[PDB]
Amino acid sequence: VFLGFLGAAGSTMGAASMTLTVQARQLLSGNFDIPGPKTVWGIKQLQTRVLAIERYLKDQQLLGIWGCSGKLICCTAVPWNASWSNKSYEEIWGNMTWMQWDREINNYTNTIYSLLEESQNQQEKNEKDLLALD
Amino acid sequence: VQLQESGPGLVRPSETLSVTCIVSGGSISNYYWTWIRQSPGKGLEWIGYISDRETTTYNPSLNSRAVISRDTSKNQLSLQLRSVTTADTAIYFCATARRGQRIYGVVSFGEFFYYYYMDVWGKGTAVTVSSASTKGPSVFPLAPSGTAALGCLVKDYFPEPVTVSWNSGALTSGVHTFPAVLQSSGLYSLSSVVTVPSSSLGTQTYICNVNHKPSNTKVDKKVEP
Amino acid sequence: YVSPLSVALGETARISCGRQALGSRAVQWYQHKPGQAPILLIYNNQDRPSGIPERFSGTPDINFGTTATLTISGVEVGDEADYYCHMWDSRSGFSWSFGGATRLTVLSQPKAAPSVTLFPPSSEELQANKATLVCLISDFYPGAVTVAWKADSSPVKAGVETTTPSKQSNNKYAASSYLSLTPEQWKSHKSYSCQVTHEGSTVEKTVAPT
Amino acid sequence: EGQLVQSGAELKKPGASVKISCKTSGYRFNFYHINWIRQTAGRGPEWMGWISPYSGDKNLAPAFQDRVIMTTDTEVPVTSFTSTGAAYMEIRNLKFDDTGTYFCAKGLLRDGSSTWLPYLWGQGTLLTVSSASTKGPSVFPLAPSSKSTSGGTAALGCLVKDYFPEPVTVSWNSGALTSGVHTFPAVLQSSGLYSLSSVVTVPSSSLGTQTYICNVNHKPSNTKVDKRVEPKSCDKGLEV
Amino acid sequence: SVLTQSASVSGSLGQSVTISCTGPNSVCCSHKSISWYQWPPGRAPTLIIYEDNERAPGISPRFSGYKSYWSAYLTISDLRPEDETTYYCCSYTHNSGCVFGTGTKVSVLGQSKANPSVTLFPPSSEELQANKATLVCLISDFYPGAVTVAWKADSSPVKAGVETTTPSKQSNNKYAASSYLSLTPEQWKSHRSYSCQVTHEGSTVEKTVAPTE
Amino acid sequence: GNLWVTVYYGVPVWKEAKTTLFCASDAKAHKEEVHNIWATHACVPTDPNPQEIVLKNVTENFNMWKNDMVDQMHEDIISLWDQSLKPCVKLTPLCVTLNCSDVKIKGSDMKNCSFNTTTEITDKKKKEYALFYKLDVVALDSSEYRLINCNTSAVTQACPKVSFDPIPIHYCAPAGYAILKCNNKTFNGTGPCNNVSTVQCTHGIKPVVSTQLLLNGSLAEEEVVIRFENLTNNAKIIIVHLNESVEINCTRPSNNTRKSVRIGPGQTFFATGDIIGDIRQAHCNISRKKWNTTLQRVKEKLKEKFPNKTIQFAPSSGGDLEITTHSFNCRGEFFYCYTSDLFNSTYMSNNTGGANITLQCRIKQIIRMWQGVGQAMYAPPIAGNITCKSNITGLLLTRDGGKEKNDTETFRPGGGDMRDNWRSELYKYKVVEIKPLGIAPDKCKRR
Ligand SMILES: *[C@@H]1O[C@H](CO)[C@@H](O[C@@H]2O[C@H](CO)[C@@H](O[C@@H]3O[C@H](CO[C@H]4O[C@H](CO[C@H]5O[C@H](CO)[C@@H](O)[C@H](O)[C@@H]5O)[C@@H](O)[C@H](O[C@H]5O[C@H](CO)[C@@H](O)[C@H](O)[C@@H]5O)[C@@H]4O)[C@@H](O)[C@H](O[C@H]4O[C@H](CO)[C@@H](O)[C@H](O)[C@@H]4O[C@H]4O[C@H](CO)[C@@H](O)[C@H](O)[C@@H]4O[C@H]4O[C@H](CO)[C@@H](O)[C@H](O)[C@@H]4O)[C@@H]3O)[C@H](O)[C@H]2NC(C)=O)[C@H](O)[C@H]1NC(C)=O
Ligand SMILES: *[C@@H]1O[C@H](CO)[C@@H](O[C@@H]2O[C@H](CO)[C@@H](O[C@@H]3O[C@H](CO[C@H]4O[C@H](CO[C@H]5O[C@H](CO)[C@@H](O)[C@H](O)[C@@H]5O[C@H]5O[C@H](CO)[C@@H](O)[C@H](O)[C@@H]5O)[C@@H](O)[C@H](O[C@H]5O[C@H](CO)[C@@H](O)[C@H](O)[C@@H]5O)[C@@H]4O)[C@@H](O)[C@H](O[C@H]4O[C@H](CO)[C@@H](O)[C@H](O)[C@@H]4O[C@H]4O[C@H](CO)[C@@H](O)[C@H](O)[C@@H]4O)[C@@H]3O)[C@H](O)[C@H]2NC(C)=O)[C@H](O)[C@H]1NC(C)=O
Ligand SMILES: *[C@@H]1O[C@H](CO)[C@@H](O[C@@H]2O[C@H](CO)[C@@H](O[C@@H]3O[C@H](CO[C@H]4O[C@H](CO)[C@@H](O)[C@H](O)[C@@H]4O)[C@@H](O)[C@H](O[C@H]4O[C@H](CO)[C@@H](O)[C@H](O)[C@@H]4O)[C@@H]3O)[C@H](O)[C@H]2NC(C)=O)[C@H](O)[C@H]1NC(C)=O
Ligand SMILES: *[C@@H]1O[C@H](CO)[C@@H](O[C@@H]2O[C@H](CO)[C@@H](O[C@@H]3O[C@H](CO)[C@@H](O)[C@H](O)[C@@H]3O)[C@H](O)[C@H]2NC(C)=O)[C@H](O)[C@H]1NC(C)=O
Ligand SMILES: *[C@@H]1O[C@H](CO)[C@@H](O[C@@H]2O[C@H](CO)[C@@H](O[C@@H]3O[C@H](CO)[C@@H](O)[C@H](O)[C@@H]3O)[C@H](O)[C@H]2NC(C)=O)[C@H](O)[C@H]1NC(C)=O
Ligand SMILES: *[C@@H]1O[C@H](CO)[C@@H](O[C@@H]2O[C@H](CO)[C@@H](O[C@@H]3O[C@H](CO)[C@@H](O)[C@H](O)[C@@H]3O)[C@H](O)[C@H]2NC(C)=O)[C@H](O)[C@H]1NC(C)=O
Ligand SMILES: *[C@@H]1O[C@H](CO)[C@@H](O[C@@H]2O[C@H](CO)[C@@H](O[C@@H]3O[C@H](CO)[C@@H](O)[C@H](O)[C@@H]3O)[C@H](O)[C@H]2NC(C)=O)[C@H](O)[C@H]1NC(C)=O
Ligand SMILES: *[C@@H]1O[C@H](CO)[C@@H](O[C@@H]2O[C@H](CO)[C@@H](O)[C@H](O)[C@H]2NC(C)=O)[C@H](O)[C@H]1NC(C)=O
Ligand SMILES: *[C@@H]1O[C@H](CO)[C@@H](O[C@@H]2O[C@H](CO)[C@@H](O)[C@H](O)[C@H]2NC(C)=O)[C@H](O)[C@H]1NC(C)=O
Ligand SMILES: *[C@@H]1O[C@H](CO)[C@@H](O[C@@H]2O[C@H](CO)[C@@H](O)[C@H](O)[C@H]2NC(C)=O)[C@H](O)[C@H]1NC(C)=O
Ligand SMILES: *[C@@H]1O[C@H](CO)[C@@H](O)[C@H](O)[C@H]1NC(C)=O
Ligand SMILES: *[C@@H]1O[C@H](CO)[C@@H](O)[C@H](O)[C@H]1NC(C)=O
Ligand SMILES: *[C@@H]1O[C@H](CO)[C@@H](O)[C@H](O)[C@H]1NC(C)=O
Ligand SMILES: *[C@@H]1O[C@H](CO)[C@@H](O)[C@H](O)[C@H]1NC(C)=O
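These protein sequences, in sequence, are chains T, H, L, A, E and G. Residues 518 to 547, 547A to 547H, 569 to 664 in the authors' numbering are what the first sequence lists, from first letter to last. Residues 2 to 82, 82A to 82C, 83 to 100, 100A to 100R, 101 to 125, 132 to 211 in the authors' numbering are what the second sequence lists, from first letter to last. Residues 1 to 60, 61A, 62B, 63C, 64 to 92, 93A, 94B, 95C, 96 to 106, 107A, 108 to 210 in the authors' numbering are what the third sequence lists, from first letter to last. Note that the authors' numbering numbers the fourth sequence so that position 48 is 48, with each residue one more than the last. Note that the authors' numbering numbers the fifth sequence so that position 15 is 15, with each residue one more than the last. Residues 32 to 138, 152 to 185, 188 to 309, 312 to 321, 321A, 322 to 402, 413 to 504 in the authors' numbering are what the sixth sequence lists, from first letter to last.
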């Protein structure tokens, strides 16, 4: 189902995965502001919408330093450590929501970010480089 | 209603003028009574008024020399004016006032005012102020001489006015009392003439009654050719 | 204090008040004739008491800017009087003044011939060492009258006391002249004549001692 | 922490109706179905039916499709992921084969092939349907006996005798005594009366240092009996 | 209930035991999903297996599920003492209701048998004031669920007023029961001693009280 | 059982954060043609088709008293006043000596003053006169007066081409953010909202600055709502959303006029010229039946927070006039009315009902708006009479303190802080940021 932007925030994680592209386009452009507000308080919105570009580019670069690029859903090669969540499939995607899930990952998210990059693609691109000559 | 004024006619300066106002055709405690005067060469001047609560308010031009009172027993109104001068010689009327409240906004804010106005008036009593003294009028009969005229001449009196009647209510059509003249002696003089048919002479009696209220000179003069 | 206003007979007269109101007004109009009680014509700007003719109207108080004006439709010879505009308003407090009078003069009135009557001195006056000739003029319009005295066709200059012309009941003017003489001067000249001239009409009456 | 509490045990007359409640806590009451499952002595366990607190969609068993009505109350949000809800089941035309233990239960998952499956079960509600009047019990004290001579252990308790409604609870010292407490099941007399006994094993040396009082509560009769067991032992193996 | 299970299966401590769950072509397998429930009598059950073989959250991997074209099976590996209770199976679809089976009682043998503790209590004086007498024989802490109580009034069997309860599973993997002998005061005074004899499968525990004591 | 981490970009997850929202000038007001409105100076178009999305199964926590949209709106209004009063004519040379005298009323207060101002040239000097209401200091006590603002701060006249009419303004959420909206009708104000919408822009909110009586607000659609910040703490604001709107019609009938006096090279100062017609103060009418019904409804609703305690209310405390008056704007003139007769009820039934209920109302011309970077604004006069109708939709009340648990509880009007004025419209909105990058174990692997 479509439902709309942020519609599946109460739905299950699997059902919310269907609408990744809906909540993706709303992260970038909020329709051009025609001629600009200028004046005194225009710098407020100017910096607030430059910070949006900065955040979006930081996310895209975090994707690019992983294997995930130009794609929303993306599988990787890092095994799910049991000390995170310690729950089964379908015990997750059919019982939990994405907010409730994020609640259970923040403690260990900064390390998963490291394993997904320093150990995954920094080794994977090295292998592909060393295996594209012979 | 009917209003009739009464006064002395003559008052010496540095004294107190006093006038009375007899009312008829109603009550005196349920109305408001004001006094108006008129000096020779001046318009109607407003003296003051007295209320049903028997409270008075006077014109600040009189210099607090006026005072008004009531008398419910005799159903009459009073007016007194102290320290009179020659400028206070005037005809005094008493009139009846009726309340009208002009409202132009919220009454609770005081957006209104009272506008004094008096529907009923009287004929007014004349009062003269002079250091001189009253004098009895000398009345002379003017014998008829072909146009048929029968007159009485009041030759010298002071002060005005003088009432000239002809057989009470028996002669009213042809009566003509000319206005008085101010002679260089300070004495007024007038003439009251009537037009009587020629056939009525020799058989009818014609007297002219002369009333001078200041100095009692009630004189009836019988005119004959 | 009088404001003169001449209005032709038959048309409509508009007497404007003397003082302009500073706010919502409450104007009265009084009609005062010489020697008569003042009449209340219009009170409360337009309210008319019992008896007042419909020819008199007052401008009612509406919005602001309207001048209090007394309108007399079809004036008559009996409407010549003093007109007082008692002006009340919300921005002047107690108004003791009745305002200056506006004496109305109705013109275009048919003239009248001055009726003259001459009276010689009386017997009781002759025996009182006095003499007065009484020249009574009445029923003439307008009031411009010139009284003159002659004695055996000779103009008398001194001893003349003439009243100012004043109209009475018929709205026609009436004047009185008195010639003061002594008993020996009365029998002196043979014929005394009062000659009045009104609008050029020169009419003369004569008396003789008998 | 999805703890779910049911209503209290009741006795109703045959032909009337009864409404059992089910109050929840620890989860979003609108996320999982509520199932009703009964257990009678005759036909064993039987599934009555489930209802969705979110959509109101229900599935009733055909056997109970006539005389059972399931309803739900709107949830009262506590936090972003917990709430307090209530589900009611009203059954009419009560008979003899309907006396037993009724359970409400929380569903398993929010989407899949076995969503409504009863996962978390409540403490149960005992429902008796008979014409017999509610008769209160007569609590009697039990004299202490010897359980171990060389160790010195006394066993003393209370007897709850003669009562018609099945459920009856027994505590010790207003719940301040939980060690050694053992409550035996009731018994079915030829007259239809139930009776049970509770016993606590205490040390034989704690006769003047601790007071043992048994509190018998019987809600269908709305009765409370506080009995004091006399520490005067009578067994010959304990007096030594 | 057309979904027939196993009547009663026994097992060895530490080993495994398999329970069967089968029924007609209308209410079994192939198209339907089978679940399993550990149902302690008088207490709330527990989900252990759903969707044929998928365990419930918190369930040890000892429990296993299987489904064939005609029967499903629940395998209990590494038998524990607390695994001695009743087990039911359910046959359901996605939008249907749960169809419970007949029931299966699993007995776990190979455990240390317990000596039955038997205690006899005579009626108190408060009950004597009510013209009633009740002897209470409480049995606790025994392993085999088979006990027979005999009441002897002065070494003579008693048939009337005897009410024996069914053995229930104690919370400590043991069994307990009780027996009540109802006697009138005339029969309470006209005897010298009463005896509750619980005959165990390998012993016999007798408790004798006396009205005079 | 044997899973791998997987990245999902764009998951419906949000986090509470602060940001600077946008604004919409509605349809730009092409029909007015004037470009002197505070909002139309720099706001995006209206986007005529809104997009509100319900979020099923979502229960989000809200707190209107800790809402940053309110603080942002307050700071925007404060920094907007000064930007509107910057290129306008200042009245610093008008700080001269004034002769002054009471109104004529040849036998309500408004002074008739005269001063020696500078003419078109600075070498010459002429004398002018104007009516300066009552906002004058005695200097040393026909008596010499002084302009009130020549004491502290300075004075600048409001540009006559700028109107004080409130335009519908609604804040829009920037990219990467969204506004969650509580659709529960009878809502606490703080707590978990049972069902939540999401939007980019809020509803058309009119910046109506006022005290005690909230005007042109949004009516709660199910009964009245009494929202507290702390029902135990007496020093906290109590906002009241009414069910029905209470008509309030205010007028200044005194036909005035404006004089444009020349002071300097090319700036003309507008002053209140002589009055033409009857004189009368400002006044507001509030229907007595509707206000009595509103009072009894708010009273019955206030009996919920206090079971066995009677509730009464009295007029404001007193002293400072700005706090104890229903101050607002009306076509330019800043009416400050008295609200003693509104909360002096129970013992109020004189003349068998006041029918219309009229409240006296003064007018000022030199205001200091919450001391916003000092300064002061001179409101130019409006030639003629003035009328303005409005809808009371909300109230601001404060509870007294002391040993009051015995009998009753008092609820006097308040205000002062203009942020509560914005809280009565931003109580249902909250701004959150989207955290779109999520990671979850799934069954797949690369290579
Ligand atoms: C907030 O609430 C407050 C309070 O609720 C509101 O405040 C009110 O505001 C209004 C508007 O200004 C004020 O009205 C002025 O009222 C006066 C008086 O009102 C009355 O009095 C009349 C006469 O009464 C008395 O006299 C009679 C004898 O004649 C006597 O028997 C009686 O006992 C009493 O003593 C009543 O007739 C009148 O009743 C009627 O009219 C009402 C309005 O239509 C209607 O609602 C009633 O049902 C009833 O039908 C009422 O009781 C008004 O006179 C005044 O009108 C004038 O003044 C303005 C200038 O200010 C002028 O331009 C107008 O033309 C009008 O002037 C006329 O009347 C003068 C005599 O008074 C006359 O001299 C003028 O020439 C002019 O006349 C012509 O018109 C009259 C008819 O008016 C006609 O008869 C003549 O023949 C001639 O053609 C105002 O309307 C309220 O007083 C005030 N209330 C309070 C408590 O302050 C406020 O407005 C509210 N604000 C908001 C924003 O909502
Ligand atoms: C917000 O929170 C919400 C709550 O948490 C959350 O909702 C949860 O949503 C999910 C997904 O939306 C729900 O998911 C599933 O549950 C369905 C249950 O049922 C449907 O069945 C109901 C009961 O039906 C019985 O009773 C009816 C009478 O009431 C009878 O008419 C029926 O025939 C049926 O009867 C049976 O029993 C009788 C004996 O009593 C017997 O005689 C008879 O023969 C029969 O066996 C219906 O009430 C219900 O009706 C509603 O909804 C549908 C769809 O919207 C409408 O069309 C209907 O008109 C009606 O309004 C349903 O019909 C399961 O069916 C469903 O299973 C299928 O899909 C999943 C994948 O999602 C598969 O894994 C699964 O195997 C099933 O697959 C099969 O069906 C699909 C088609 O669905 C088919 O394509 C496929 O090939 C295969 O054949 C799934 O398990 C969940 O229940 C909700 N929870 C709660 C508590 O409500 C919501 O999502 C959240 N987010 C939001 C809102 O954004
Ligand atoms: C502040 O200012 C505002 C605006 O100026 C005022 O609001 C107006 O208030 C008046 C009176 O309160 C309203 O007038 C009324 O309109 C009602 C509705 O009217 C019509 O609709 C009905 C629908 O059935 C039709 O049948 C009817 O023919 C009309 O087309 C009327 O019902 C009211 O009538 C009452 O009086 C008449 C006259 O006697 C009776 O015949 C009726 O039966 C009835 O009893 C009344 O006429 C007006 O509509 C309001 N305008 C707006 C825009 O809202 C505030 O009142 C004012 N407040 C204060 C405190 O000053
Ligand atoms: C759906 O997901 C929720 C989590 O969002 C699952 O609930 C959780 O269940 C576990 C047990 O499986 C609970 O853990 C326990 O916590 C208690 C705390 O007192 C502790 O004592 C226990 O030893 C155990 O560790 C956890 O608290 C609970 N969380 C919540 C929020 O309820 C739920 O089981 C899932 N449902 C399924 C898979 O059907
Ligand atoms: C210039 O500013 C000073 C502020 O420092 C002004 O002084 C203050 O004027 C107010 C207004 O009257 C005084 O307040 C009042 O106090 C009286 C009792 O004394 C009370 O009845 C009133 O309700 C009001 O609260 C205030 O006391 C006074 N402060 C000082 C320190 O004098 C001053 O008036 C201004 N104008 C000048 C100096 O011309
Ligand atoms: C919208 O939000 C409000 C609160 O922010 C929700 O209302 C609160 O709802 C609960 C249960 O619906 C009410 O509780 C009950 O009060 C009654 C009367 O005292 C009592 O008998 C009950 O046992 C229960 O305690 C609570 O009073 C109410 N809050 C207030 C201030 O009245 C409301 O439910 C939400 N809207 C929806 C559609 O859920
Ligand atoms: C606006 O909100 C107020 C909140 O107080 C509403 O007030 C009350 O409204 C109810 C209707 O839901 C009135 O109740 C009923 O009372 C009458 C007797 O007066 C009875 O016959 C009905 O059966 C019903 O029970 C209630 O009286 C009224 N006042 C109070 C103090 O509670 C008002 O109705 C709302 N108006 C609109 C247009 O939504
Ligand atoms: C409405 O406001 C009241 C006042 O704070 C809330 O009451 C408190 O709620 C919190 C959160 O559950 C509890 O921890 C407190 O113990 C409550 N205190 C009192 C005195 O009630 C209430 O929860 C709010 N309700 C909603 C739906 O927002
Ligand atoms: C929250 O619940 C209320 C009550 O059901 C919803 O209110 C209605 O919303 C629909 C959809 O816009 C309108 O057509 C109705 O007119 C509303 N009625 C009332 C009485 O409010 C509200 O939309 C829900 N909001 C969310 C986000 O789910
Ligand atoms: C305020 O005072 C001024 C001056 O005292 C008033 O102006 C005088 O008004 C009269 C009549 O309108 C004029 O003849 C004078 O020439 C004016 N004086 C000056 C200096 O201009 C003014 O009228 C007063 N205000 C009001 C409303 O009456
Ligand atoms: C999970 O992470 C912890 C902490 O770094 C580590 O000790 C553990 O070995 C990890 N487990 C796996 C399966 O990698
Ligand atoms: C203005 O200046 C004149 C002298 O030119 C002076 O007489 C007058 O008093 C001054 N005005 C005031 C208000 O003092
Ligand atoms: C509410 O008031 C109480 C007592 O005054 C205080 O303890 C508490 O912190 C307050 N809560 C707030 C201000 O959020
Ligand atoms: C309420 O108003 C009346 C009438 O003006 C007044 O007498 C009374 O004192 C007022 N009450 C209060 C508490 O101010």
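A portion of the hints provided could be inaccurate.
[Unchecked claim] Derived DSS-like pairs (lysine-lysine); straight-line CA-CA distance at most 30 Å: (1) G:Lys121 / G:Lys97; (2) A:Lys58 / E:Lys207; (3) T:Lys547H / G:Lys62; (4) E:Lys32 / G:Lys168; (5) L:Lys190 / L:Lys130; (6) L:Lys111 / L:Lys190; (7) T:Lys588 / G:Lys500; (8) A:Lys232 / E:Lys207; (9) T:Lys574 / G:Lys97; (10) G:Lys137 / G:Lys305.
Don't read these hints as lab results, they were simulated from the structure.
Hints and how they fare:
1. G:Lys121 / G:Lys97: 38 Å, violated
2. A:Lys58 / E:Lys207: Violated - the C-alpha atoms of E:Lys207 and A:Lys58 are around 57 Å apart, more than 30 Å.
3. T:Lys547H / G:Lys62: 23 Å, holds
4. E:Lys32 / G:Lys168: 107 Å, violated
5. L:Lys190 / L:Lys130: Between L:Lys190 and L:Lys130 the Cα gap is close to 17 Å, so the pair holds against 30 Å.
6. L:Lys111 / L:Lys190: Given that 30 Å is the threshold and the Cα spacing comes to 34 Å, the pair is violated.
7. T:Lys588 / G:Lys500: Cα-Cα ~27 Å, so holds.
8. A:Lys232 / E:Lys207: Holds. A:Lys232 to E:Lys207 sits at ~20 Å (cutoff 30 Å).
9. T:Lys574 / G:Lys97: 22 Å, holds
10. G:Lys137 / G:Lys305: Holds, at about 24 Å.
Consistency with the previously given hints fails for numbers 1, 2, 4, 6, ordered from lowest to highest.
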